[PDB]
Structure formats: structure tokens, C-alpha cells
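Undergrad: What follows is the residue order along each chain.
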Amino acid sequence: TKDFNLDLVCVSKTXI
Amino acid sequence: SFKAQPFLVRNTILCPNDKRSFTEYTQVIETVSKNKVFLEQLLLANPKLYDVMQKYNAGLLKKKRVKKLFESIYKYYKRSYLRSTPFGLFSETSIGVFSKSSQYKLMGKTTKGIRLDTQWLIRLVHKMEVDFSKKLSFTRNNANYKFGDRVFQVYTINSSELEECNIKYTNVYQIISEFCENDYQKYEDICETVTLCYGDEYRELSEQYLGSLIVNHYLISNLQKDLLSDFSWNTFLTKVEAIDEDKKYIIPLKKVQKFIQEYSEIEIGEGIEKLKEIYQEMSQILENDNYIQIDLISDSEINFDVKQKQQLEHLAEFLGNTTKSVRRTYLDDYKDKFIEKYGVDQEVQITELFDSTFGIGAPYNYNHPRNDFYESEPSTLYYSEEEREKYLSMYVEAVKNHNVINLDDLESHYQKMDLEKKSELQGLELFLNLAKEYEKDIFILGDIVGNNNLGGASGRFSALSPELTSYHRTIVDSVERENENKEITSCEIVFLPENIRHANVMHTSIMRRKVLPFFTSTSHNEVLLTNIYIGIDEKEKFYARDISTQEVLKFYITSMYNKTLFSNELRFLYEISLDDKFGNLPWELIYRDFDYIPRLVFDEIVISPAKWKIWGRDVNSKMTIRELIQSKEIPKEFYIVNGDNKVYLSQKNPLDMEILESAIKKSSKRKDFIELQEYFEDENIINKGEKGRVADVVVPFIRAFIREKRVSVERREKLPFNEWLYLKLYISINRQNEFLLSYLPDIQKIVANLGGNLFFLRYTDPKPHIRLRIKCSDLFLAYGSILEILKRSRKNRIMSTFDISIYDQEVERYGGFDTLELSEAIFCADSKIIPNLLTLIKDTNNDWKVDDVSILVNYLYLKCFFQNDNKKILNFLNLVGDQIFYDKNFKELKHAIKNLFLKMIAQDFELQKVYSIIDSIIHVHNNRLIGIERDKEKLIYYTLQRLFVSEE
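Listed in order, the protein sequences are those of chains L and Y. Mapped onto the UniProt record's numbering, the consecutive letters of the first sequence carry residue numbers 3 to 15, 25 to 27. Mapped onto the UniProt record's numbering, the consecutive letters of the second sequence carry residue numbers 5 to 706, 716 to 893, 919 to 990.
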């Protein structure tokens, strides 16, 4: 299937 | 008790008697630009800066770049004469010894220890990994770790930036990674293993997915094996050659090895053009701001007096003694957080521990990452209130009297303290500058001071010579022998820094049994990150264990790499591996905010020079910078302290005044301050051609682990309305007893009709509440029925709110899920009797009160667990009213206890397992009956001790 993705995600470093 | 080892001696190449003074900045460029030695020193240390100077002299440099060029050159000039700290071509490292007479003179010969720049080298290999991946073989990066549906790394690299990156845990990541978990696997076989359980249709994707793991460094190629830890030109070149068919990289690499070897025999001054050749052959291969590192070793041998040896050992004891007053550190509070979340019976996977969503996060003082939930700062205690009054008192009087502060005053306080406790500290490294005052030689303690990381200051120099390797080996064999006694596996953390500029600091030789690698690989035995589990000693001390071999671990970083820079988990592993108290000297902490601090001294040693803080805001139109510093009685020669380094200045020299005015106006921009220190004459102690050198020195000085691997949340968590229902009833302390009398028995009656059973507990934190846990077969129906009783208690203002929560079972504490369930039957039986005991305590027709019931019930527990065998009962106790007995609830409790006692016998529980479990069951009875109270639980045992003895 498409479990060849990798899906790299990268991150940086109310009410009242 | 502290013995002064042979030390490292660090000294300048150039001699400060030859220092020229200067009046103008252009004059400084003129002189320096035909100073043969300086420019080789500059070309090696700071290539980019050296080129900017060339650019300026050619007229090609933009005007706004010129003030900085002028200041950096002047500061670099002062440094090549005045600053002994070891760095390529400014200064040299030798070994010194203790004898019967001082020998301050260097007969030896200077040699160049030369490595490639490590950032350059890794950046090349990474370029080879992508270009030549099909000819390489690959292994798993120890930095990777699964977490749910994601694969994380303890830190990140390729995005040449500062941001963390993670990937999905796919079936294809699993196959590829497990296949490379233990050895290196050829590109082709990695690809094959994927298609062989997908189809050859997928060979496209496999290769792509594989390439993407290689860019992002989820895998490591064989070019990296020993590439940062024990580099060998043979081994490196033969694998490159095996890879590089079109000869693109081999031959330039062979030429670089040649040119460096040629550079090795040239004098300091004469190699400028040979160096230019090295930079040229290396810049063609791949450009970098630095290409070469040099550590200059000598084979001189400086000697110090027997008195000197004693002065230093005296100083070591005093400094180590002050740690006696460090009662609670940031790490202690973390140990407490640990115990609240986990108890004492669990071992926790380190990557689970530091997770801020699933574990306890990090110590409050860790920043990689800082905790991302709010929490206020914890109590610490690095010195006593009495100590602080003395230090401030000492401070106030010295300033009033224009005196220095003699720390001698408290030497007898600190050596006296805790003569009972066996001091943990194995050893110290101390950093000292040699100078003079009134023609007498003095030692001045570095502002770095030192640390308790033995071998840290020598590990970098270990490999560069056999004498050095011998030296370092001696220093750390005092730690390795003791690790061997205690049956502890030592282990060096070997890692590519997250910011690869710092990659030349990490160098050391591996003197341990195993290695914990990140973004590299070695030939040693290596620990898997996700095999490291954390627990708590018999003494509530953090330890680390490999879950695959059950080995106990201590981790080491035998270098000067800033320990606060690491990822939390690695910083933690390092910190639990030494003795956590050396670090924060009280005078540093208490005098920190004063803008004048006297000199601190101790037995002829200058602990800390006189220190000023000058404020931008103070330079006024009625006040220039030079009568400002004169209004504060600044001596004519002082240092301005920047950070890592300091810059020598004189009021007599006008160039030095320009640098200071520059300095003062930069800080008036940020609205803060600069730091001045007093100057010591430091030029003519160590010498060579009977010419002084600036010199400094670095002196070294010299169970039954139970615990069980933590159970997964899937197995320990009991979700609302499945098997259990768990309510937190927020009721005040003064009204919980009334709730237990007048409301709980209506709830127990209800759950009984439905065939179930419940137990409760009292808990504060956050606010006070009762934890009600009901086990029963139609839980939605039982919730419905007791909801009427709860509404009644809201109306009467006894309960405010409740939550329904996940019941996190304490499987490890109560011995496994089997003995846990039998413990829970004890809980529920104990809970049935409590409202009746409270009613006896409350009724006055009785004249039995709460403490009488407590010793009694506690008495009956012990009589149950040990079957009325008083001698066993007192066995247990040494190491830490008739109608309740004929009560039907108590008979039911007595069966519950017999049944737990039997199963513990059946499964051969070691006896301290049984002693801890009975202590726990009695502990939560007391919680139920009386307060959530500390130690008054324990003194119940003492009086029961007396009553049982009397049965005899």
C-alpha cells in the first residue's frame, strides 16, 4: 500500500 | 584526603615581553600584516577573519565592516601574546609533576597535533552518503526511537537550521530498520528485503523511501563507523576508494594527507604557504569556514613545590566541603516527581520518562526542550540561611573596610559539618592561572573553576601522544576500577553535536566498557537508547540499567563539551552518573547581583578577582566613560569580561579606551552592563628563552537492586465504564468523615445490590477529594443510582464536583496483576468497615477514640497476615474492644487477607517483597481511617511493637 509515505513533519523550537 | 595528581601545563608560544603597544587601529593593521607568526596563527584559527583583513588591505572591504575588523584584529593580537588557553598555534599543552623543587622552565620541544576540521569531514561524508548510497551499507541511527505512530530522534540535523523533525512509523520503516538494527546491510539487500514482502512492483518506492531515510540520517553509512571517535587514514581511504570509481575524491584526499604530513614538521611562522596549500586542496573538495584543528603539545615538565602541592590539596578539600550544604537540587525535585508518578517499584524507559505528555518531562532547569506545560520553580537549597547571613555579613564588612573577603573564615565550618556522612565525591579537576603579586607567585582560580568530571580536561589530548594517552589513562582508571568493584558497566556517550559547528569539541578517547552513540557508530560494544531504563536505589538515588542484559550503567562525556547543551535524556544520563552536588559555590550565588565584589581569597589562593559591573545608563553628558571608571576606582589595568574570554586593557593606552567606549555604548543600547575584573601581573613566571610565557594549569585530585520493568498503559489503565468506574469526589478535609458516615454507606448498599464492590482513598493534590473506585458488572446503571446520592451531597454543600477518571493500577507495587486483585479485595473489605469505625469513634457512650481504633485495627492486620505468630510480627515491626473482631465485615477482611497471604506463598515472593506489600496495605488503611499523614503512620508501628512484646 502507501506505507511508503514518510510523512515528515517539522516543528519550530483563549477562552477569556 | 584529596591527592594532587600530575597536572596539565598550558602556556603561550609567543612571549608577552615582546608585546608592542599601539595608539591607532590602522597602525595595528600595518604592524600585524608583516608579522610572519601572527598571520599563520590567524590563517589557521580564523580563516574567514584573515581573509577580511586581506580584503581590507586590498581596499575591497565595505566601510560598515571596518570597526569590527579593527576590533577583532586588535583583540586577536592581545590574545596571541596574553591568553594561555590552548588553541592551535597560540599556545601549547605539556605535563607537569610534583617534586621537591619548582622548575618553571620549558626545555622540551613543541609538536603539532593535527586533526581535520570535524564539521568539514562529516559534511563530506554526508555528501558521499547521498551520492554513493548504492555502493554503501547502512545501519540504524541509535538516535531513532518509535513513539506511537511516529519515529522520533533525540535530536535532529539535516535541515541546516534549528527545528526538530519526525517521521511516520510505517510498515516499511519497520522492515528496513529492524533489518539494520544490529549490523550494516548493503543497499541492495535492504531494497530486496522490502520488495520480497511487497512485490517487485514496489522497487521504485523502496529506493526512494530508502534514500529519504539516508538524507534525514535515520540511517548511518559505514563511512561513519569510527569516523569521529578513532579516525584512521587507511580505513577511511580504502572505503572511499572502494566507492569512488571515477576517482573524484581519492587523490585530492591522498594529497591532503600528504600536505598535512608535510605541514607537521614545519616551524611556527614558516608554514604560512604550506597551510595555504592545505586550505586550497581541501576547499576544492568541499568548502567550510575551517579546515584544520591543531593542538600543540610540548614534552617539557614543569615542577611545583611540596608546599604548592599542599596548597592545592587544601583548596580542593575546602571546595569539595561546601557541597555538604547542598541539600536539595533541581534533580532532587525531579526524583520526587518521579516517585509521585511511578512510585519506587517501576523502571521506566528513558524516552518515556522525559516525554512531557506521557511521562514527567524534565528537571525544571533543563532546556532541550524546556517543559511545555506550566509549572512554578521548585524549592532548592544550595546553602543554608545561616551560611547566607555569614556571606552577606562578610561582604558588607569587607566593602566598608576596603578589604578582601577571606573565605578562610568558614573553612572550619565546612570541614566540620557532616563528619558522619561518607562523602560521595571521587575527584576534582581545577583550573588555575599562575601570576604574581608583590613578587610572590600566586595561584588564581579560573572563573570556570573546575568540575567533578575526572579526565574531562585531558580527554581531548589523550590520543595525540603516548605520554598523553598514559596520563589520561591514569586519571580515569580511578573511576573505572571503582565501577568494576560495584559491578557497574561504564559507557561513553559519543555523538555528533546537534549544531555541527561545535563538532570539534566532542573529541575524546573511549576509555570505557561500552559506548552510547548518536549520529555516528563505533566498533565498541554499543548500548541501545531504548534499552535504557531508569529506577530508584534503596537510597532514593537515580540509577540506569540496560533492559536487555540487566546491566547497571553509568555514562560519561570525558571532554569539555558544555553539558547543559545536550538533549535532556543525555544530559540526565550524564548527571545521574556523577555526584550531583559540586557546581554552585555559595559566594558565586550570593554575591552575583552586586556591582562591586571584593577579591575573594583562601589561604594565599585568589579564589575570585575583584569584580565590577559598569552600566550603560551611567555614561551621561556630565560624565564620560573614563571618569566613570575612575569614579569607581577602577585600577589602571583591568580586564573586560565578555564571556568565554576576556580582553586586557589599560587606561594609559588610548586604543584600549576606544574598545571600552565601544563596549559601553553597545550595552547602553540593550540597557545592561559590562563586567570588569582586576588585573594580575602574569607574564614572567614560566619562561623559555628566559622570556616569560603566560601560563595556566589543570590539577586533578583523588546492593540488592529489585525493581520491575514498567507495565504498558494498555495493560495498567482501566478505562471508565469497562471493568471499573472511578470517581474523584471533591470534598473538604473537615467534611470527608461526615461524607464517609452519612453518604458512602448508601453508595455501598447500592453497589451491593448490583453484585459489585468498592474501595476509597483520600487524596489532596490538586484540591482534597475522595477517590471512589467501583467494580461491578452494569456500571452505567450503578453510576445512575449513586448520582442521586451525589446530588444530595452537592445540595448540602459537602461535595462540589466530581470527575470520572482512568484508574491507573499499581501493578508493580502490589506484586503483579494477581496479587493486585487480591490487594483490591483487601481494599474493598477495609472500606466496608470504615464507616462503622468512624461511628464508634464519634459516639461518646463508648469512650474509645480515634487513636484507640487505629492501633487496634493495625493490631488485627498484623495478627492476620502472620496468623497470630507474634514472633514473626515483631520481625516485621523491628524493620520499620472485642466486637470489631466478631464483626462480620472484619471476618470478610480476614478472608481477604488469608487469600492474599496464600497467593504470595504460592508464587514464592522473596520476603522483603511481602514486607513492602503489607506495609503498603496497612498504609492505605491508615489513609482511609485517619489523615493523609506522614510519619504518624510510622509511629503506629512503634507502639504496636510495645504491645506485641507484652504478649510473652
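I should point out that these hints are in silico values taken from the structure, not numbers from a laboratory. All C-beta atoms, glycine included, are put in the ideal place defined by N, C-alpha and C. Worth double-checking, as some hints may not be accurate.
What the hints assert, rightly or not - In the DSS-like style, the derived pairs of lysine-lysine whose C-alpha atoms are separated by at most 27 Å in a straight line are:
{"no.": "1", "chain 1": "Y", "residue 1": "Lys278", "chain 2": "Y", "residue 2": "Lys426"}
{"no.": "2", "chain 1": "L", "residue 1": "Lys15", "chain 2": "Y", "residue 2": "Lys341"}
{"no.": "3", "chain 1": "Y", "residue 1": "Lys543", "chain 2": "L", "residue 2": "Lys15"}
{"no.": "4", "chain 1": "L", "residue 1": "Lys15", "chain 2": "Y", "residue 2": "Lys172"}
Unchecked claim - Cβ-to-Cβ under 8 Å is the rule here; a few derived chain L residues that face chain Y:
{"no.": "5", "residue": "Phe6"}
{"no.": "6", "residue": "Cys12"}
{"no.": "7", "residue": "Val13"}
{"no.": "8", "residue": "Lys15"}
{"no.": "9", "residue": "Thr25"}
{"no.": "10", "residue": "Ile27"}
Stated by the list, open to error - Computed from the model, here is a short list of chain Y residues facing chain L with C-beta under 7 Å:
{"no.": "11", "residue": "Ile171"}
{"no.": "12", "residue": "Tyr213"}
{"no.": "13", "residue": "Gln880"}
{"no.": "14", "residue": "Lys884"}
{"no.": "15", "residue": "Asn888"}
Undergrad: Next, verify each hint and record whether it holds.
TA: Okay, the hints, checked on the actual structure:
Using a Cα cut-off of 27 Å, the hinted pair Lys278/Y and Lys426/Y is violated, with the two alpha carbons roughly 57 Å apart. Among the hinted pairs, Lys15/L with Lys341/Y is consistent with the structure: their alpha-carbon atoms are about 25 Å apart, no more than 27 Å. As the CA atoms of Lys543/Y and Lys15/L are separated by approximately 37 Å, the hinted pair breaks the 27 Å bound. Our distance criterion of 27 Å between C-alpha atoms is met by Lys15/L and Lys172/Y, whose separation comes to about 20 Å.
A hinted interface residue such as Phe6/L counts as satisfied when its beta carbon comes closer than 8 Å to some beta carbon of chain Y; here the least separation is about 4 Å, so the hint holds. Annotation: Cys12/L was flagged as interfacial toward chain Y, and the flag holds, the nearest CB pair being 4 Å apart, inside 8 Å. Taking 8 Å as the C-beta cut-off, the interface hint given for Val13/L holds, the closest approach to chain Y being about 6 Å. At a threshold of 8 Å, the smallest CB-CB gap from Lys15/L to chain Y is about 6 Å, leaving the interface hint in force.
The closest approach between the C-beta of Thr25/L and any C-beta of chain Y is roughly 15 Å, which is over the 8 Å cut-off, so the hint fails. Annotation: interface hint on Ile27/L violated; nearest CB of chain Y at approximately 17 Å, more than 8 Å. Proximity of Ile171/Y to chain L holds as hinted, the smallest CB-CB distance being about 5 Å (cut-off 7 Å). The beta carbon of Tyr213/Y is positioned within 7 Å of a beta carbon in chain L (closest approach about 5 Å), and the interface hint is therefore held.
Taking 7 Å as the C-beta cut-off, the interface hint given for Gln880/Y is violated, the closest approach to chain L being about 59 Å. For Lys884/Y, the suggested interface contact is broken, since its CB lies about 63 Å from the closest CB of chain L, more than 7 Å. For the restraint placing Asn888/Y at the interface with chain L, the shortest Cβ-Cβ distance is roughly 57 Å, beyond the 7 Å limit, so the hint is violated.
In this structure, the hints that do not hold are numbers 1, 3, 9, 10, 13, 14, 15, in rising order.
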